[PDB]
Amino acid sequence: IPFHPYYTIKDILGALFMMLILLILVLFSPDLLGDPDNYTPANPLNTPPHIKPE
Amino acid sequence: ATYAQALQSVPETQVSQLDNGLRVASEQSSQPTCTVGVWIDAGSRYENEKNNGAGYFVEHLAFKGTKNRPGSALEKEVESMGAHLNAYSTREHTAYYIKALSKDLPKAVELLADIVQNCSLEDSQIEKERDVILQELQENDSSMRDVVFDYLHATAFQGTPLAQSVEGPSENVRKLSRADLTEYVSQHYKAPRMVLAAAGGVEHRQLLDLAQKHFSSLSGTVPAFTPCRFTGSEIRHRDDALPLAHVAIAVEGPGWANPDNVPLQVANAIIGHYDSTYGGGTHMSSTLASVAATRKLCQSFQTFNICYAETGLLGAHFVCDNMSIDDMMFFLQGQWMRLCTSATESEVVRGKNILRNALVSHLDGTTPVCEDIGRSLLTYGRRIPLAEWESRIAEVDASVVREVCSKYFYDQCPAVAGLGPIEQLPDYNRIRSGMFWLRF
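Taken in order, these protein sequences are the chains called 3C and 3A.
Position in the first sequence (from 1) plus 217 gives the number in the entry's author numbering.
Under the entry's author numbering, residues 2 to 222, 228 to 446 are what the second sequence spells out, in order.
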C-alpha cells in the first residue's frame, strides 16, 4: 500500500501516544528515573552511597 | 443558411398515442429509406436476481421464430425485400428496429408487430440459444472494455438492480425456463412502455394507420423501478498477463431529467478523447490529451456520461500500460479540478462548439434519427428539438460549468473499476484525496 495515505497518520498517532507518555513523565514525575543524587554539586571528596548509571 | 435557420428547418417529429398506450412517432424529410423500430422500456434494470439475463434471451429468440411466421421464414421476409433487422438491449431500454424501403413500410410494421407481441419461444430454440449465450458471455469476457464497464456498474450500483449486467450471470442463463421468459414478456412488453419510432420517408398518418391496425390487440390502457444508490467503491481485477490496463472512474452524475446534463456534456467535451491513432496529438486543445500524446502516456481515453433515469455514471475511462496509471490518475483528476475551480470562457466556448457538432453529426442518417426519437420519447417524455438543444448550449457559460462541476465533481467519492496490470492504480484513499484541492 502507498505510504502517504496510511502510514503517515498511523505514525502521527504513535508519535502522539509517545508524547502522551513523555509529557506525563515530564509534567507529573520529572525526576522519576533520574537519581536524586544528581541534584548535588559534584564533590570529588565524597563517594556517593551507590554509584549507578541510568 | 445561418445555422439557426437550418436548425428551425429540421422537420419536426409528430407524436401520437393509441388507446393501448403505444406512442407512435415519425419524422419524414425526403428519403426513400426508413428505419422503423419498437422501443421497449425493459432491460436489466427491471429484472430481479433470478430474471437477470431474461431480456437478453428474449432478444435473442425474438428473430429466430414467431407464431404467424414459423422460424426462418421470418428472416426470409426480411431478406427478400432487402431490409436489415437489428436489436439492441441496454440496461434500461430494449429496441427492435428494421431498416427498409419507404415502399415496404406496410410490411415493415407487420413483421415488427409479429416480433414484439407474439413470439415463438420454442423450447429447442431456447436450448440452443442457451449455449449461444454461454459462448457469447465468453466473448464478452474477452471484451476488456465491456468487462471494465460492467465492473464499474457493479461497484457503483452495489446492492441495486442497476449493478446487474445485461447478459446476466452465467449460472442464471442455464436455468432460465421458458415460463420465466413468458412471464418477463408479459410484464415487461406492455403497450404503455412502447414507442413506435419511424424515421426516413414515413408519413405519420400512414404510421398511425398501420400501428392501429397491427398493435390494437396489445394490452390496452406494479414494479416501475426504484431509485438506486451510489456506493463509491472500486473493483480491482489484477490480471498482470493482460497487455493493457483498462481503468474507468465515474461519479454520480445527473439523469435524463436534470438539465445539468447540458453543462456537464460541455465539460466532458473539454476533456475530449484521444487514442494512439489520432491527429495533431501534442497540439490538441485538451490538456490531458496533449500531455498524454506528448509523453505517450496512453493508448486510449474517453469521457462517458452514462445517465439512467434516477441517476447515472459520469466519468472517464482510459486504457494505458502498467507504468502510467498513476500519472494518468493525477492528470485526469487535475483536469477535473481545473474545470471545477476555473473553467475559463474560451474552453467553455470550445466545449459548446464540440457539443453542438456532436448532436448534429449524431442525428444524421435514418437509423440514428429513429433511435434518437425512441430514446427521447422513452426517457425525456418528448423528442427534444435541435433548436432547444442549441438554446441550452447557448445558456451555458464559464460560471455555469464551474458551478455544475463543483456540484458533481469536487469532493465526491468516486467509483473505480480497473482490470489488467493495475497494481500501480492509486489506492482509493489517494484517489479520493485527489478529488479535493487543498489550494482551493
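FYI, nobody ran anything at the bench for these hints, they're computed from the structure.
It cannot be assumed that every hint is accurate.
Unchecked claim - Under 7 Å between C-beta atoms, here's a sample of chain 3C residues computed to sit facing chain 3A:
no. : residue
1   : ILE218
2   : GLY251
3   : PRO253
Said to hold, decoys possible - Which chain 3A residues stay away from chain 3C? Per the calculated CB distances, all over 12 Å, these:
no. : residue
4   : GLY72
5   : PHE231
6   : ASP417
By construction, the Cβ of each residue, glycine as well, lies at the ideal position given by its N, Cα and C atoms.
Hint check:
no. : hint   : in the structure
1   : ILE218 : holds, 6 Å
2   : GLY251 : violated, 44 Å
3   : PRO253 : violated, 50 Å
4   : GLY72  : holds, 58 Å
5   : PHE231 : holds, 37 Å
6   : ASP417 : holds, 16 Å
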